[PDB]
Amino acid sequence: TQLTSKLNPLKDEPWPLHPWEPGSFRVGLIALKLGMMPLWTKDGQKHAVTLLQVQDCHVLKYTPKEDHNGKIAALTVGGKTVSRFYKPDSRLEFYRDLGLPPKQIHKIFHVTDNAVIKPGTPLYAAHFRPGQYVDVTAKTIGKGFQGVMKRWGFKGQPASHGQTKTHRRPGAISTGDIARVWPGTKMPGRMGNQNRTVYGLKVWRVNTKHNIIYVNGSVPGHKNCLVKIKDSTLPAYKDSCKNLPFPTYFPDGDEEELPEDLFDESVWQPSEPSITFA
Amino acid sequence: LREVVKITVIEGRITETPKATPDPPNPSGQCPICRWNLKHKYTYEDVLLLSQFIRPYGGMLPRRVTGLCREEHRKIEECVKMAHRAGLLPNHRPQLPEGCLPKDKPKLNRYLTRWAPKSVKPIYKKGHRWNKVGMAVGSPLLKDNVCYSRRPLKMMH
Amino acid sequence: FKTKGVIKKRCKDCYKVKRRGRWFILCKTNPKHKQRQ
Amino acid sequence: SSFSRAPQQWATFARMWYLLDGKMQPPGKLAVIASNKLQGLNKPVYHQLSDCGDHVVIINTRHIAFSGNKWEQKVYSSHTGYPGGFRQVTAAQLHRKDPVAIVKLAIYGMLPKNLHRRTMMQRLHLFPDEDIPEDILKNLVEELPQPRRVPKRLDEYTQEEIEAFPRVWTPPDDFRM
Amino acid sequence: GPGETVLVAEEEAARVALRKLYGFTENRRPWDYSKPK
Amino acid sequence: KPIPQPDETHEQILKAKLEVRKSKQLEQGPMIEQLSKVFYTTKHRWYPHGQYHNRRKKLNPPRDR
Amino acid sequence: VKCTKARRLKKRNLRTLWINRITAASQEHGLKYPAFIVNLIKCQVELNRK
RNA sequence: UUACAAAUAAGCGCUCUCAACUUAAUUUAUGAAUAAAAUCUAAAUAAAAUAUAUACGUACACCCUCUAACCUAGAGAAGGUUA
Ligand code: FES
Ligand SMILES: [Mg+2]
Ligand SMILES: [Mg+2]
Ligand SMILES: [Mg+2]
Ligand SMILES: [Mg+2]
Ligand SMILES: [Mg+2]
Ligand SMILES: [Mg+2]
Ligand SMILES: [Zn+2]
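Protein chains in written order, with the working numbering: chain Z, 1 to 278; chain E, 1 to 157; chain C, 1 to 37; chain H, 1 to 177; chain D, 1 to 37; chain Y, 1 to 65; chain W, 1 to 50.
Hints are supplied without guarantee of correctness; some may be wrong.
Unchecked claim - No more than 25 Å apart at the CA atoms, straight line, and that leaves these computed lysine-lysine pairs for PhoX-like:
#1 Z:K242 with Z:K228
#2 H:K113 with E:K132
#3 Y:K24 with Z:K61
#4 C:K2 with C:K28
#5 C:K4 with C:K16
#6 W:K2 with W:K32
#7 H:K29 with W:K5
#8 C:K2 with E:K121
#9 Y:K43 with Y:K15
#10 Z:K80 with Z:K242
#11 Y:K15 with Z:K61
#12 C:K32 with C:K18
#13 Y:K22 with Z:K87
#14 E:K121 with C:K18
Claimed, not checked - Chain Y is nowhere near these chain H residues, computed Cβ spacing over 10 Å in every case:
#15 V45
#16 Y76
#17 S78
#18 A92
#19 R96
#20 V100
#21 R118
#22 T119
#23 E130
#24 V141
#25 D173
Said to hold, decoys possible - Sample of chain E residues at the chain C side, in silico, Cβ under 10 Å:
#26 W115
#27 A116
#28 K118
#29 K121
By construction, these hints were calculated from the structure, which means they are not laboratory data.
Where a beta carbon is used, it is the ideal one built from N, C-alpha and C, also for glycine.
Can you build the whole structure from these sequences, using the hints too?
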């Protein structure tokens with residue numbers, strides 16, 4: 001019931017819609033990492049691609065420019081509805097006022113004032129469009145406590161020729177003169193399970209029916225893990241929002257119902273004739 | 001004071017000049033500084049005295065026109081540099097030739113500045129108590145000025 | 001530009017200037033004569 | 001006199017709010033005044049064990065002035081603690097990044113090198129420009145004289161003042177000027 | 001009178017007045033134990 | 001100046017400054033930071049001490065007038 | 001040993017405390033500490049710092 | 001591709017990597033001291049110009065149910081999930 005009530009944002013006193021202008025930043029999405037598959041382009045090259053699915057992505061909270069950071073405003077977006085049974089009452093109270101079921105993860109997006117969106121607004125995968133480069137950030141796979149060889153790529157010591165219980169150990173920590181160990185020295189410790197970002201991944205195709213984004217290459221994290229996806233901050237793709245749904249894509253408007261699958265021009269669609277390099 | 005007017009025909013017109021205050025307190029002084037008993041009693045702060053020897057765009061006037069002796073010409077020249085660097089001559093700024101605007105970089109307040117700020121390098125190894133590197137303040141040319149302090153002025157800071 | 005401990009004029013056209021905190025002799029006729037302290 | 005015990009004690013050890021204007025002022029002279037009030041060295045009842053310091057509010061810290069070429073010669077050094085973490089910044093560069101840093105650092109050195117120095121720094125309030133929060137304004141008790149008397153610019157001088165100063169020399173008629 | 005709050009200060013000032021009306025000021029002449037009579 | 005008659009015990013002033021807003025009673029950390037800002041002190045002052053120091057404190061310190 | 005040496009040091013530290021307190025008091029009226037002390041002596045007033 | 005002749009881990013496999021406010025040697029423009037159609041200026045000025053770096057951005061932010069079970073989270077603890 002709560003999810004259906006939020007399906008039509010345009011008919012629920014939407015905040016004023018503003019035009020795009022240079023220097024604008026839109027909101028991003030939170031997606032679930034489905035897996036990988038091969039993808040081919042009209043030139044015959046094969047690209048490994050990761051599948052990102054947007055599940056119950058909604059805007060939750062808005063903070064004005066002054067109350068968060070003088071430079072820019074912030075929006076909190078949550079995805080992946082979860083159970084209500086093992087949650088703190090504070091989190092449940094927050095969602096009850098917002099009229100939504102709880103989400104697994106909250107993340108904050110820096111959005112310019114003109115691009116601000118009312119809380120409770122559903123966000124869909126068609127927000128992004130093929131041909132657009134994007135940035136993905138997620139927690140990396142957790143590998144536990146590890147030694148210097150695996151954590152930092154240390155060479156180690158020879159296996160034979162008399163080495164006495166020294167094969168995978170660190171060598172000398174530092175020099176003797178300073179009589180201490182420098183801060184930041186690389187040592188054995190817990191590896192993985194850190195937030196990392198991958199920059200400049202192209203979007204090859206979007207599936208509107210299931211809200212799947214096809215992103216070039218690898219994305220941090222394991223399968224079924226939530227990721228944060230937002231337009232690329234790389235200088236080359238400085239102003240790409242010019243040709244994208246500026247606040248976001250609203251299915252409620254439905255000016256033209258989108259095809260089930262959206263493709264990038266270079267992508268060789270399945271069901272096309274076999275590629276002959278004529 | 002003569003000004004050139006162009007029309008090509010160009011001609012110079014001489015105009016009447018403001019006159020010096022008559023009856024100097026100390027007649028028989030060669031330099032105009034000593035005919036008023038100012039030998040060791042002016043500093044960069046005295047814009048009223050300094051301004052009289054300055055061209056409208058901030059340059060120093062030639063010695064043969066001012067009539068100052070070399071000792072006082074150099075003191076006036078150095079005091080003027082320090083006065084300019086202290087922003088005490090807002091109306092004698094350099095002329096902007098064409099299509100040039102002021103740097104717009106914010107101005108740091110400074111006074112008693114011996115050298116041009118552009119060409120002075122930072123002191124990265126300041127030194128310990130007895131090898132301390134000193135930051136020069138004031139000008140050596142004004143070392144003979146009248147001092148009202150118990151000890152001589154601290155030039156090196 | 002040769003940087004020398006003591007700077008000396010080398011020809012008639014050589015002239016002396018104080019740029020960026022140092023003394024320079026610059027010669028228009030012969031660039032070889034350019035020196036810095 | 002004639003007060004009850006507690007009100008008299010409260011009055012004697014009450015802390016005062018002072019205002020310093022830093023426009024065209026050397027930071028060190030500002031530091032000397034502020035360091036004096038922060039410790040409580042302005043009171044006859046001063047004791048190192050009494051915590052009798054005062055609040056000092058300094059405004060226009062963006063518009064401080066240095067003598068000489070200290071803007072380009074005075075260098076502030078910091079170390080992050082990691083290899084290669086040594087930074088050396090000139091006064092102008094530090095002022096550009098933080099307008100308030102220079103005044104704070106001068107005062108910090110002048111306070112006694114003990115644990116109470118950290119507490120005293122809490123009582124120091126530095127504002128880059130004239131704007132002050134309304135609450136800080138209401139606390140203020142007194143403003144302090146500027147340590148350095150600011151020389152006047154030519155335009156500031158009145159027409160009457162200019163005439164008062166004699167015309168030392170006369171330019172000849174035949175001059176371009 | 002001094003006080004931590006305006007009401008407290010005003011109340012203290014009331015006592016300072018009453019002390020000066022009943023001649024019990026803190027600087028009043030000390031009691032006289034001298035007299036053998 | 002005239003007294004500001006329109007609106008007081010020092011407790012009332014204290015309570016407003018130390019308003020209980022988040023999670024009912026705050027923990028030591030958040031509470032100590034609130035106290036430090038109100039009195040312009042550092043956090044370190046507000047932490048307790050162990051029992052060696054507490055038992056050393058005099059029960060009846062000398063009093064002068 | 002510390003107690004015995006502190007007996008001498010206590011007297012000197014108290015004098016430093018008095019000079020600081022006198023400087024604070026005299027500065028309130030616009031007088032430096034040397035001006036206050038010497039000119040009182042020149043008036044044949046022999047009040048001590050304590 | 002090599003293993004656990006496990007649902008995984010690895011490389012020999014695959015993907016992604018960027019901006020510079022401010023500055024040195026040096027080179028130009030206007031221009032006095034110095035009568036010039038001089039002079040880049042530890043004169044007033046306008047610029048261009050290494051390597052640096054953090055002004056400037058990304059990431060992080062949430063406020064905390066936990067018998068217990070399970071987990072791509074993990075030495076323990078912590079952390080995540082519960083139609
Ligand atoms: S002051 Fe007398 S010669 Fe110049
Ligand atoms: Mg691939
Ligand atoms: Mg693991
Ligand atoms: Mg090996
Ligand atoms: Mg072995
Ligand atoms: Mg050591
Ligand atoms: Mg002694
Ligand atoms: Zn030559």
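Status of each hint after checking the structure:
Restraint check for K242 (chain Z) and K228 (chain Z): the C-alpha separation of about 21 Å stays at or below 25 Å, so the hint holds. As the CA atoms of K113 (chain H) and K132 (chain E) are separated by approximately 22 Å, the hinted pair is consistent with the 25 Å bound. This hinted pair checks out: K24 (chain Y) and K61 (chain Z) have alpha carbons roughly 23 Å apart, not beyond 25 Å. Our distance criterion of 25 Å between C-alpha atoms is met by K2 (chain C) and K28 (chain C), whose separation comes to about 16 Å.
Between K4 (chain C) and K16 (chain C) the alpha-carbon distance is near 14 Å, which keeps this suggested pair within the 25 Å criterion. Pair hint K2 (chain W) plus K32 (chain W) does not hold up; C-alpha atoms about 36 Å apart against a cutoff of 25 Å. For the suggested pair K29 (chain H) and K5 (chain W), the alpha carbons sit about 38 Å apart, so the restraint of at most 25 Å is broken. Between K2 (chain C) and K121 (chain E), the direct Cα distance comes to roughly 21 Å. Compliance with the 25 Å bound is thereby established for this hinted pair.
Only pairs whose Cα atoms come within 25 Å are accepted, and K43 (chain Y) paired with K15 (chain Y) is accepted, the gap being roughly 19 Å. A hinted pair counts as satisfied when its Cα atoms are at most 25 Å apart, and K80 (chain Z) with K242 (chain Z) does not qualify at roughly 29 Å. For the hint linking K15 (chain Y) to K61 (chain Z), the alpha-carbon distance of about 31 Å lies beyond 25 Å, and the restraint is violated. Distance hint between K32 (chain C) and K18 (chain C) is fulfilled; the C-alpha atoms sit about 19 Å from each other, no more than 25 Å.
Restraint check: the Cα-Cα separation between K22 (chain Y) and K87 (chain Z) comes to about 18 Å, which is no more than 25 Å; the hinted pair holds. A threshold of 25 Å between alpha carbons decides the hint, and for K121 (chain E) with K18 (chain C) the separation of about 15 Å falls inside it, so the pair holds. Non-interface call for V45 (chain H) relative to chain Y: holds, since the shortest CB-CB distance, roughly 15 Å, exceeds 10 Å. Against the 10 Å criterion, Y76 (chain H) stays outside the reach of chain Y, whose nearest CB is about 24 Å from its own CB.
Remark: the non-interface label on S78 (chain H) is consistent with the geometry, its nearest Cβ contact in chain Y lying 21 Å away (cut-off 10 Å). Separation of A92 (chain H) from chain Y is adequate, the least Cβ-Cβ distance of about 32 Å exceeding the 10 Å criterion. Residue-level check passed: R96 (chain H) sits 29 Å from the nearest beta carbon of chain Y, beyond 10 Å. Distance check on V100 (chain H): its Cβ is at least 17 Å (rounded) from any Cβ of chain Y, clearing the 10 Å threshold; non-interface status holds.
With 10 Å as the threshold on Cβ separation, the claim that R118 (chain H) sits away from chain Y is violated: the shortest Cβ distance comes to roughly 6 Å. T119 (chain H), annotated as away from the interface, has a beta carbon of chain Y within 10 Å; the closest lies near 6 Å. Non-interface status of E130 (chain H) relative to chain Y is upheld: no Cβ of that chain comes within 10 Å, the nearest being about 23 Å off. For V141 (chain H), the shortest C-beta to C-beta distance to chain Y comes to about 13 Å, beyond the 10 Å cut-off, and the non-interface label holds.
The beta carbon of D173 (chain H) is kept farther than 10 Å from every beta carbon of chain Y, the shortest such distance being approximately 66 Å. For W115 (chain E), the interface hint holds, the least distance from its beta-carbon to any beta-carbon of chain C being 7 Å, beneath 10 Å. The restraint placing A116 (chain E) at the interface with chain C holds, with a minimum CB-CB distance near 8 Å, inside the 10 Å limit. Interface hint at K118 (chain E): satisfied, since its Cβ lies 7 Å from the closest Cβ of chain C, which is below the 10 Å cut-off.
The beta carbon of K121 (chain E) comes within 7 Å of a beta carbon in chain C, closer than 10 Å, and the hint placing it at the interface holds.
Checked against the numbered hints above, the structure violates hints 6, 7, 10, 11, 21, 22; every other hint is satisfied.
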